[PDB]
Amino acid sequence: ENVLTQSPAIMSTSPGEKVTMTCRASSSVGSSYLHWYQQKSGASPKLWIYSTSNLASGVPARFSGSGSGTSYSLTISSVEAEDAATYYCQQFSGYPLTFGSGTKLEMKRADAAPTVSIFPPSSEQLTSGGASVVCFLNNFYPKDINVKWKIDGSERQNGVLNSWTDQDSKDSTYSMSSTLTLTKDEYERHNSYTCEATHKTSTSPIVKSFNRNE
Amino acid sequence: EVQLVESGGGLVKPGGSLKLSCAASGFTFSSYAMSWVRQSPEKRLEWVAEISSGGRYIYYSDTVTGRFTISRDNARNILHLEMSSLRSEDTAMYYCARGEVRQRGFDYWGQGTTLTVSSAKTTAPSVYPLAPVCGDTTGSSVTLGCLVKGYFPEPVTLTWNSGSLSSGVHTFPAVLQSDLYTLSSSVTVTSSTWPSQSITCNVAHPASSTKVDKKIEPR
Amino acid sequence: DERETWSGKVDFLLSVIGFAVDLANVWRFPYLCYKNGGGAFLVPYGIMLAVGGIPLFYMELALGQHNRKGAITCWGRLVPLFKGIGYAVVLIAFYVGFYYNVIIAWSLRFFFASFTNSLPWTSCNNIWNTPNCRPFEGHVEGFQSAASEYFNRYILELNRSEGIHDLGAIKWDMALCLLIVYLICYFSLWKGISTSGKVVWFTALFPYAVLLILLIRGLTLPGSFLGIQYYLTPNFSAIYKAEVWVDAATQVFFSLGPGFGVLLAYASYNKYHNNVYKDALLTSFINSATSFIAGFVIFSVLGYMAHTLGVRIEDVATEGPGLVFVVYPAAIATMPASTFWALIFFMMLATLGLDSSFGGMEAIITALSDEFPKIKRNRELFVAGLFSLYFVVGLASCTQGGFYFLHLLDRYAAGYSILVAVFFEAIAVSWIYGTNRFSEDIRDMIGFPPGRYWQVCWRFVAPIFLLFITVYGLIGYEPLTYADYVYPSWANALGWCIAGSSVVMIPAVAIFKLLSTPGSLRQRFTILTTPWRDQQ
Ligand SMILES: CC(C)CCC[C@@H](C)[C@H]1CC[C@H]2[C@@H]3CC=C4C[C@@H](OC(=O)CCC(=O)O)CC[C@]4(C)[C@H]3CC[C@]12C
Ligand SMILES: CCCCCCCCCCO[C@@H]1O[C@H](CO)[C@@H](O[C@H]2O[C@H](CO)[C@@H](O)[C@H](O)[C@H]2O)[C@H](O)[C@H]1O
Ligand SMILES: CC(C)CCC[C@@H](C)[C@H]1CC[C@H]2[C@@H]3CC=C4C[C@@H](O)CC[C@]4(C)[C@H]3CC[C@]12C
Ligand SMILES: NC[C@H](O)c1ccc(O)c(O)c1
Ligand SMILES: [Cl-]
Ligand code: NA
Ligand code: NA
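Protein chains in written order, with the deposited numbering: chain L, 1 to 214; chain H, 1 to 219; chain A, 25 to 161, 203 to 601.
Worth flagging that the hints you see were computed from the coordinates, not collected in a lab. Backbone N, C-alpha and C fix where the C-beta goes; we use that ideal spot for every residue, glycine too. The reader is advised that the hints may include incorrect statements.
[As the list claims (entries may be wrong)] BS3-like cross-link-like pairs, simulated, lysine-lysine; straight-line CA separation at most 27 Å:
1) L:150 to L:200
2) L:18 to H:43
3) L:18 to L:143
4) H:43 to L:46
5) L:184 to H:214
6) L:170 to H:43
7) L:143 to L:40
8) H:43 to L:104
9) L:170 to L:200
10) H:43 to L:40
11) L:208 to H:215
12) L:208 to L:148
13) L:143 to H:43
14) L:184 to H:121
[Claimed, not checked] What the simulated footprint calls covered on chain A by chain H, stretch by stretch (three residues with Cβ under 8 Å from a Cβ of chain H suffice, anywhere in the stretch; the number is not a length):
15) 494-505
16) 512-522
Required output: the full structure, derived from the provided sequences and hints.
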């Protein structure tokens with residue numbers, strides 16, 4: 001099996017810059033058999049470059065390909081926001097057919113701190129026996145963020161579900177949801193719940209709390 | 001002009017068997033080799049099987065050989081994939097791709113069809129409405145939420161006010177935890193619009209014939 | 025089936041180049057240009073080449089590489105109802121072996137005759153000459210040139226034979242030469258393509274060394290440009306006459322030898338994923354390119370003959386063995402260092418033929434080694450016995466009247482037989498196996514299907530291209546005669562049996578096993594039209 005390794009795995013770029021990604025094969029591949037596919041977040045793959053250098057129909061001229069043997073590369077001349085996607089190389093010269101591990105191209109934007117919002121358990125859920133307090137951390141950049149839960153003053157590390165969104169296609173931001181789940185008894189046996197968010201934009205964390213009275 | 005449509009496939013118990021289909025239109029189907037390519041939930045592309053124009057040459061991936069059978073119907077322009085003794089590793093979205101010329105690649109892909117192989121049991125989601133807590137207000141916009149908890153399998157579809165409200169919504173992708181999916185979504189609107197106008201969460205889980213609406217009220 | 029493979033790819037390319045490029049590239053193509061409008065002849069020649077020749081050439085190369093078996097086994101596995109095609113193709117190759125090598129012997133005989141200070145065929149005052157000898161070629206039937214009389218009265222001794230009945234004595238100098246060619250063929254096709262594919266290095270490349278030397282020598286002779294004029298100067302009036310289109314069509318078919326059984330055998334040792342399409346286009350071009358280059362070598366000396374030696378161009382712009390054994394040696398014997406030109410020229414003729422002999426013989430050896438394992442196990446023995454039958458029967462062509470016998474085979478061994486054989490090959494491939502089923506096989510080898518151009522040519526043009534030949538070949542038919550000799554009507558029949566002994570295998574085998582399988586009429590017309598691989 002001819003495994004194709006792509007690097008980098010993720011890479012950010014500001015519109016206008018030049019982008020290059022590489023596809024290294026574990027066995028020599030005929031140049032006429034190396035292809036590249038573009039897959040946008042949520043859609044299916046689309047043939048992008050075939051025979052190393054040939055642009056598929058509809059592919060703008062700012063895309064180029066090159067390489068041979070075991071080293072190939074896809075290169076964007078001046079990257080545009082509509083180029084944010086995952087790029088897969090693929091060899092068609094030997095069975096089994098093998099796709100590369102892919103390079104995810106994300107857009108670079110200015111830093112943005114998140115707008116946090118804390119939500120106590122729904123009344124419907126409290127009667128079903130459980131209690132989930134969710135917390136949204138919306139429209140921030142860069143993607144890495146860190147959430148922390150505190151019940152009263154003690155921090156709670158267990159029973160959390162975090163989810164990230166794909167990079168937004170309009171403002172290039174990220175958003176992240178985090179849900180803390182406890183039993184109704186455990187929940188009603190405490191007073192204040194706190195959602196602390198740590199992010200590169202701030203020296204100290206953004207906090208949002210609420211007491212089970214107001 | 002060329003169209004490929006995958007179909008069939010959903011939840012299947014391990015060891016079970018299921019059959020996928022691909023409908024071809026817009027070209028002389030009988031002249032092109034076809035392949036199935038799947039994409040695991042970890043988003044990795046993996047080729048599975050290829051069948052030649054007249055079905056006389058068939059290649060299989062090592063990880064699938066002996067269990068999957070690729071077949072062709074040039075009369076009705078349909079591609080099939082017969083799967084047996086399935087395992088969880090086979091869980092993926094199965095793509096149907098056209099690729100006659102090895103030197104040109106897979107020039108057309110279908111929309112995909114999802115196969116979930118799991119011994120978990122289908123369950124409907126509890127849909128809870130998320131409304132802020134009495135406090136600050138004093139902002140141009142406020143944000144609401146909707147919690148879809150403990151369902152299976154994928155997918156569920158979530159909209160706000162039946163689709164009229166779209167700007168300012170973040171529906172976070174679902175996360176599996178101990179055989180149950182949880183999923184949340186947030187909307188933000190100017191204070192002059194809520195609770196002035198009514199804002200409602202519309203969840204849909206066809207796997208469990210669920211269809212619920214939850215109006216967000218600030219009790 | 026752990027079939028062996030060409031030690032290197034050049035072994036295959038040179039083996040194909042060698043089989044294709046033979047004396048016909050020298051003693052027929054340039055003549056056809058000079059006769060059919062010079063440069064204008066390239067119009068119908070290139071069209072017939074692109075539309076009939078290279079398609080069929082490409083087809084058999086792909087079949088051989090894909091089905092990986094000799095001619096008999098291949099067509100059997102392709103459509104059983106037409107397995108006889110493989111038998112006809114092997115028998116035809118067998119017959120032409122009885123006369124193709126004696127022309128190589130003539131080349132060695134003249135080669136050994138050139139080890140002298142003054143070439144024998146120069147003057148008209150030898151024991152073999154007649155009072156009607158003249159120094160160079203003329204246009205009166207009873208007055209031959211010095212070189213003509215040498216070839217006729219000394220080498221062949223054909224003057225002492227009254228026809229095919231009167232054969233006469235066995236010229237043991239020719240028999241010795243014939244043996245030296247079968248000995249060369251033996252220790253070449255001796256242990257398979259392991260050595261075959263290497264001997265082809267010298268035999269396929271050496272002719273280009275000599276063509277290069279003779280090309281410089283000829284173009285630097287007084288009057289050579291005049292020859293190039295008779296060779297090429299266009300006269301597109303010839304394009305209008307249908308005699309030049311059948312001339313082009315026929316030369317293109319017989320110069321590539323598509324469907325003769327050897328391209329199949331040669332390709333059957335390629336690796337399954339070899340780009341045989343790139344091979345067919347490469348070698349087919351090198352073949353025609355070699356004919357073009359050769360025309361300059363010939364007519365440069367032809368113009369020299371007509372300008373310094375004072376002869377009519379029509380009297381020396383001949384074709385066939387007369388051009389290489391009479392006209393050209395005469396000019397060689399008239400230039401400084403003649404002994405050198407004569408020695409490398411006759412050596413070129415030899416190596417031009419050997420390649421093509423190898424191919425015809427391999428077609429037989431491979432086809433049988435793939436259908437009867439007794440032969441495959443004892444290769445060295447089989448060819449030993451084959452060549453021996455060739456040589457022994459070949460002694461009848463080392464006789465004094467051998468030409469009459471050899472001339473008979475030339476006009477009947479493969480003349481119409483191979484045409485009807487390839488016609489069924491094209492019909493079987495495109496219409497009974499299927500062009501889509503065939504294009505699918507090529508896709509699996511080279512990764513892409515043949516274009517619609519190649520499919521249209523295999524399905525409609527190729528059968529018309531081959532009928533266009535066979536029809537006009539039957540229309541121009543006239544009884545067999547050499548000079549004043551009229552062959553007796555029993556000889557004229559002997560040739561038709563040789564012609565039929567191959568073609569009959571097609572309907573004969575189609576009748577035999579059409580009854581050897583059990584079932585209904587349609588149930589058997591389908592058990593015999595289902596390919597072998599479509600059974601697993
Ligand atoms: C004096 C000597 C050198 C004459 C040599 C002439 C041939 C070498 C040239 C003349 C016409 C050419 C042909 C013109 C047209 C084509 C069609 C072409 O078909 C294609 O469309 C290729 C792509 C495809 O259909 O797959 C293949 C090459 C071919 C046969 C060419 C092959 C080379 C040919 C025979
Ligand atoms: C390396 C191993 C080679 C294998 C052996 C070669 C086999 C070829 C034998 C041909 O026979 C000879 O041919 C010569 C060709 O001409 C004749 O010379 C004839 O012509 C000569 C001039 O060319 C004259 O000098 C001679 O007297 C006259 O016999 C000669 O008689 C004859 O026996
Ligand atoms: C004007 C004339 C005499 C020029 C002679 C041209 C000669 C040199 C040409 C004609 C045929 C050509 C050969 C055709 C086939 C191949 C296979 C290729 O993979 C290696 C080169 C090789 C071996 C070529 C070498 C050069 C060649 C021999
Ligand atoms: N062009 C090759 C030549 O016509 C030829 C030589 C030997 C053969 O056995 C044959 O069938 C054809
Ligand atoms: Cl030719
Ligand atoms: Na030829
Ligand atoms: Na030859």
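CA of residue 43 of chain H to CA of residue 40 of chain L, is that 27 Å or under?
Holds, because 12 Å separates the two Cα atoms, which is no more than 27 Å.
Do three or more residues from the region 512-522 of chain A put their C-beta atoms closer than 8 Å to C-beta atoms of chain H?
It holds: at least three residues are needed, and the region 512-522 of chain A offers 3 whose Cβ sits within less than 8 Å of chain H.
Mind checking the alpha carbons of residue 170 of chain L and residue 200 of chain L for me, to see if they're no more than 27 Å apart?
holds, 22 Å
Measure nothing beyond the straight line between the CA atoms of residue 43 of chain H and residue 104 of chain L; if it is 27 Å or shorter, mark the hint as holding.
Measuring from Cα to Cα gives roughly 11 Å; hence the hint holds.
Would you say the region 494-505 of chain A counts as covered by chain H, given the rule of at least 3 residues with C-beta under 8 Å?
holds (count 4)
Given the proposed pairing of residue 184 of chain L with residue 121 of chain H, does the C-alpha separation stay at or below 27 Å?
holds, 25 Å
With the threshold set at 27 Å, check whether the alpha-carbon distance from residue 18 of chain L to residue 43 of chain H stays at or below it.
Given pair residue 18 of chain L, residue 43 of chain H holds - Cα atoms ~26 Å apart, limit 27 Å.
Given pair status - residue 215 of chain H, residue 208 of chain L, alpha carbons within 27 Å
Holds. Residue 208 of chain L to residue 215 of chain H sits at ~24 Å (cutoff 27 Å).
With a cut-off of 27 Å on the C-alpha distance, tell me whether residue 143 of chain L and residue 43 of chain H pass.
holds, 19 Å
Regarding the pair residue 184 of chain L and residue 214 of chain H, is the alpha-carbon distance no greater than 27 Å?
Cα-Cα ~21 Å, so holds.
Does residue 200 of chain L lie within 27 Å of residue 150 of chain L when you go C-alpha to C-alpha?
holds, 21 Å
Would you check the hint for residue 143 of chain L and residue 40 of chain L, treating anything up to 27 Å between C-alpha atoms as holding?
holds, 18 Å
Of the numbered hints listed earlier, not one is contradicted by the structure.
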